[PDB]
Each structure stands twice: as structure tokens, then as C-alpha cells.
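Just one chain follows, in the form deposited in one PDB entry, and it is written as C-alpha cells.
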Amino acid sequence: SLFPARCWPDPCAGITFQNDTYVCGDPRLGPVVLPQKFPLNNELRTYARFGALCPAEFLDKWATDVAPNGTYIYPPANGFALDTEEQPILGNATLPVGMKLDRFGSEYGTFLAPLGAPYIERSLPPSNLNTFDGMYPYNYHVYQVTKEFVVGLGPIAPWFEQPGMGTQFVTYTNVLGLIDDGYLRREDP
């Protein structure tokens, strides 16, 4: 189920091989071995890393180049779902003390999600699944709100062949600042 069935016998057609840790040797396509602590699946919805596309089709559509120097293109309006007038749907909301948040990316960032939200809801590309220890994604962090503060709160638009429709929180201070001023604390999962 790694690749759509149509992509056989040669699913890696068009992909330049860099390092055999990664699918078709390309880190953008995520790891062969997936981090054993994100399950991603249930009986109703499964994680199709490329959607119904084959790997090279997926890179051509969602990156600037299928070649290794291509980079992923991200959605407009900070990835918020768009209303019928093409405006992102969100509002300023207060996060309460005790709430559990997680994040893919460095603490220089400003985007969090609720702890544990399934991957396919986040519309993140495959390379966010790369790991260093097999347990967890290499850029995955978990936090707890320690003092109430206001964020932009709203639904996640579909992208990268994923359905999206989780909720995301866009902070007005980066995570490092929020930790330093006592709004968030780090938790190790």
C-alpha cells in the first residue's frame, strides 16, 4: 500500500536516488520505515503518502522540481481553509491553561496543533515523517499551555493530497518566546 497499485512495476520512475533510508531514495518522500509511534490509520481512513499519484507525479505537482533541488510549495493564507469568498476561516481565541499542543517544526515557528491530531488532518508533506530513532518524527515537539494566551484558531485546508480539516493554532509570538515568557512548557512524549 506504499504506492498506488497502478504505479507498479516501477513506482520510482522519475525519482532521483539519493539515500536508501528514504522512499525511492528521496527524503522528500519520507522514510521507508515509518516512525512507530504515529499510527496514522484506523478502519475508515488510511494514510496515502502520495494520495493517488505516483511519486514523480506527486513531486511535479507539489514541489518546484522533481529533481532533488525541488522544494515543497505550501498553501496560501497560512494553510487555513478558505470560505466561498477565498478568505481564510479563523478567529482569535484564548487557549486555556492545561491544553495539550504539539508541533512539527523548530521552536522558531508559530504553528501548533492539538496534541495527537492525526497526520492526515494536518496537510503536511511526507518529509515531516522522517525520523532519527524510528519512534518519533525528527522535528516533533509536545507542549502544554501554562498561562492563557490568544492565537489565531481555524480549520486546516487540504493540501499535498491529504484531506486536512484538523484545527491549527497560529501564535503571535514564536514558541521560544512563549516558553520564555511562561505561556508554554515542553513535554517529552
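Numbering follows the first chain given and starts at 1. Here the rigid core means the biggest group of C-alpha atoms that line up within 1.5 Å when the two forms are laid on top of each other. Compared with the form deposited in another entry:
- Summarising the superposition on the core between the two forms, the listed residues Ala48, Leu153, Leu40, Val33 contain exactly one with a Cα shift of 2 Å or larger, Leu40.
- Relative to the superposed rigid core, the position of the CA of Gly164 differs between the two forms by less than 2 Å.
- Superposition of the core reveals a Cα shift of less than 2 Å for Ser127 between the two forms.
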Given for the second form:
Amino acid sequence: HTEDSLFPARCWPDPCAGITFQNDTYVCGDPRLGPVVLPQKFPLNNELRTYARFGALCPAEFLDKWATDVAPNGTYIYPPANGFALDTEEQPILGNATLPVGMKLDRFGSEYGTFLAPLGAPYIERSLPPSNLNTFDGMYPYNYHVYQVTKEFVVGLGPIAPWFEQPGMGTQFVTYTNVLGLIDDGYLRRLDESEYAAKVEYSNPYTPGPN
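Since the structure above is the form deposited in one PDB entry, I would like to see how the form deposited in another entry looks, so please show that one next.
This part shows the chain on its own.
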């Protein structure tokens, strides 16, 4: 049976073939391939439980498919229409929607970005490349950030197209102000780890019931 591992078994004896080794923090020494050390604690370990980082590809095959160059100057190519899933007419599926006070969001990336997901979404639902897992600030291992909506605001809301050898099909929220702006104007607050450690903190007390 298939055992889980960093590389597909086919990639040995030299899975890093064609990859310029730069820094041993990263897989094959290449920051585009994400960090060697993966999270061992909740919720990150839950979010990465289904993550085969290269799918069935080897590292250079993965870069050749999803980036402009296997060499270090290659950059990842991103999907059209901001990565929203496309309908049968090749039009993105989304709508402007209001996020309610209390809603918890998370993100792999700096606070200059504009793309978030609902708290706890699996990594493979986000169609993100391996390098979004790289640590840039020691206060935020894996560049993972969690926020809670403190004042209602409108975002582009819709399903995530598959990309980077993953199925996608989470939901993404594309904001019209970066995360820093939303924090400064009182739309989001940062949650620390103790505010998303318990199961009940993932449930929804803010949506009212019918009648």
C-alpha cells in the first residue's frame, strides 16, 4: 500500500534532480517547495493531514507544470479570475457578500494580502503552492494567521478552483482592503493561538436561527 512521505517513491534516488539547492530550511533547498519541517500541533496539523505537497509529481516536474522555470528565477503561475472556480461559460463563480461580526477567518501569507479562507479549511482546499507554508516571522510559524470579524464588511466570496496539483473547492474571501487596513479600521482583530485551540471556538454563535 501507499505510505505517506515527502516525495513520491518514484522520485528516488535523486528526487531533487534539476533543483538548485539554496537553503536547507526548504525542501530540496528551494523555498518555492516549502519548508522541510511541517506543523505538529492543532489546527495546522489537522489542516495539512491530507496534503501531498507535490501530488504524484517529483519536484522539478511540479515546478515545470506550475511555474515559469525550474531554475531559481522561475515563479509560480496563478489561475485566472483570481482563482475562483469557473462555470460552464468560463465565468468565475462568486458574489459580493457581507461577512458577519464573529466570523473567524485564516490565511497563509502576509497582512499585505487580500485572500482569506474560513478558519480551519484544509490546505488542499485553498489551492496554494508549497511556499505559502514558509515562515517569514517567528511570531507566526508557517505564516499562518487567524482573524475574527469585528465589524461587517463586504468581500468577494466564492469557490476555489483547483490548482498547484490540489483539488481546491474551499471557499475564498477576496477583500477590497488588505488585512492591515481591515485591522486598522476595526473590521478584523487578530486571534492568538489560545483563541482557536478548542473545538467550540470553531463553531458558529453569530448566525441567528430561522422562524
